[PDB]
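Undergrad: Given chain D, put chain F with the ligands in place with the hints provided.
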Amino acid sequence: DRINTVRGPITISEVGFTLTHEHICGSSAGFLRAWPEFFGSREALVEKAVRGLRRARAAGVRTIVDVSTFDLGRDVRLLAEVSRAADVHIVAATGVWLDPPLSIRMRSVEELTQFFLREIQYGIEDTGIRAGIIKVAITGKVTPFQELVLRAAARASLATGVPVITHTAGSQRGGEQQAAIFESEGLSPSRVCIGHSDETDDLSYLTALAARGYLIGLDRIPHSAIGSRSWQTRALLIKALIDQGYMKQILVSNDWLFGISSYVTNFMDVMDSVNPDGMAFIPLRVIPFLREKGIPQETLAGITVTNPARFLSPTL
Amino acid sequence: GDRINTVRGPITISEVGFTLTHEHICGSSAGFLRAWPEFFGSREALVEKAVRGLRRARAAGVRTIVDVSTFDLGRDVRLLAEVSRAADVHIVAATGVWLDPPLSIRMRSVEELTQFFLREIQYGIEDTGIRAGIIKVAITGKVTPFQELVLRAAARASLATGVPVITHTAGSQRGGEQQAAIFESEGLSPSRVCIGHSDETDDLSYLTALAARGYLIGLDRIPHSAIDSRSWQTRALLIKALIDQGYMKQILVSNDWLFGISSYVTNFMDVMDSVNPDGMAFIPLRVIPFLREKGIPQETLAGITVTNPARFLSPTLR
Ligand SMILES: [Zn+2]
Ligand SMILES: [Zn+2]
Ligand SMILES: [Zn+2]
Ligand SMILES: [Zn+2]
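So the protein sequences, as listed, match chains D and F. Per the UniProt record's numbering: the first sequence = residues 3 to 229, 242 to 330. Per the UniProt record's numbering: the second sequence = residues 2 to 228, 232, 242 to 331.
Chain D extracted, bound-state conformation:
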């Protein structure tokens, strides 16, 4: 009955309403510490994140999963400061996203396994903060290196029970390619969330993965307007999977952040202008939309509370 957060271990009952795919800052390893003035200042980024997380908490959120890896510039000290000041649980990540530096991309499957295990079992850097989830990312056709990452993630998950979350580049469906590799390693689908699955209308693809026991990440809902399908279209994929009997396979989030340096310079302003609700978009907009579409409150509670707790609880 324990999940590791940036403030230490918590019990399952304390997790509450969870956003399973979020970020405080999307960056690169070392970048926030080397050039904080890219974000105005570290202090300004903290203040923005604390204000935003407090608004999410007032809307009912109790935990977020920050799926920033080392190569996404995860700064666990930043996460800890924001978590404590907003009084919202934050689960930190290990793994490898789409921008590994040489010191990561030259590593073998065995070495990557050891790195993920260090971050889960011992702690991140010198902080003692342990990761509670393993993040992986692929580009449509899984590359040799990305296959090594997925295998190491499966091996680390089998050793520790922590789950795996995935990202696929270019709005492409990658769940079937990912699931093949995970299953060749003996990983249970119930440990894996196929992220950004709301980027497709292919309900056959979604239902087939859910039927195998994968978690389906419908987690970019407010990104609809940026680059196009409406956010309501994406949200109705939640209803569609409920209607086919797969409510227990659904995880919902925003994939939001309070700063971003890994893309074009004022991309944060673009995102904020399109979705001023930020991480509160799920509770303030999506949940009432599903209720008015007739989904029972208990089912919505199961998706936002029970499913994330079952996913995060380490299970061997």
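These are calculated hints, taken from the structure and not from any lab test. Hints may be right or wrong, so weigh each one.
Each pair of labels, with its calculated beta carbon distance range [stated by the list, open to error]:
1. F:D3 / D:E113: 19 to 27 angstroms
2. F:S287 / D:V111: 21 to 29 angstroms
3. F:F281 / D:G163: 31 to 39 angstroms
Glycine residues also receive a C-beta, built at the ideal position from the N, C-alpha and C atoms.
TA: Positioned in the frame of chain D, the structure of chain F with the ligands alone reads:
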């Protein structure tokens, strides 16, 4: 002026002494030493190895090294400061961009990169107050579009601060020529620029032409000869050749060594240490005596190892 910034603060020109102008404590990636120190055994083991290695170089006459590790090479200025203090060897730290920029760097404009370089030179690196004393840049081939931005940002930061620029030249086809054309288009004096890894080629007429234009010529990978069948002596004879051409004042010599490396295959450090057990002491223990045996006088060797680095490192607007 009279002062150069090191990881222990400012020093005067007269304190710089015998300098290795292209070295590394550790070749890594941003954040990596902090996230996975056990790759190197431990942080403590890496420190102990680096302190021993720098004390050995000091006993061979070295007084300063320039650590040309950028952000994206995993530069850890706290590691540099610790090693510098324990070995009593001055270390000059770098800003700039090498060949592995992450997205947060490679998505930036020339103006943004200029501001990043300026913050590392004028304000400090991270939250340490340690200021960079050189700007490092790297190119491949004919210079890629992103690399050209970096070179232009480096020229702008040099022009605003007086600190010099040192380059990693990859490729065998006279890559210094396109670097020079970019630097000159920005208004940068060649005397602020070291075209590095120039010993990778035997093309003496190319090196002489750059030296005659006022560029410093970095003959700085001498011990990498054996790991391409040129020996280290053949590389070292380029030093003699440029002296005989009349360009002693344009030469900078170094090892391009390190005490840990994670940016290539796992135990590459063991391969390197087996080929060159002298480490950073290879230049003073092997190259300087070799040149003396070939008849280069003491005063000329001191000009290359002491005078030229001081003139290069001294911030000169001009
Ligand atoms: Zn993602
Ligand atoms: Zn994300
Ligand atoms: Zn180099
Ligand atoms: Zn180098």
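Undergrad: Quick check: does the Cβ-Cβ distance between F281 (chain F) and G163 (chain D) fall within 31 to 39 angstroms?
TA: Given a distance of about 35 angstroms, which is inside 31 to 39 angstroms, the answer is holds.
Undergrad: Using the Cβ atoms, figure out if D3 (chain F) sits within 19 to 27 angstroms of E113 (chain D).
TA: Since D3 (chain F) and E113 (chain D) have Cβ atoms about 48 angstroms apart, the given range 19 to 27 angstroms is violated.
Undergrad: Taking the CB of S287 (chain F) and the CB of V111 (chain D), does the distance hold inside 21 to 29 angstroms?
TA: holds, 27 angstroms
Checked against the numbered hints given earlier, the structure breaks only hint 1 and satisfies all the rest.
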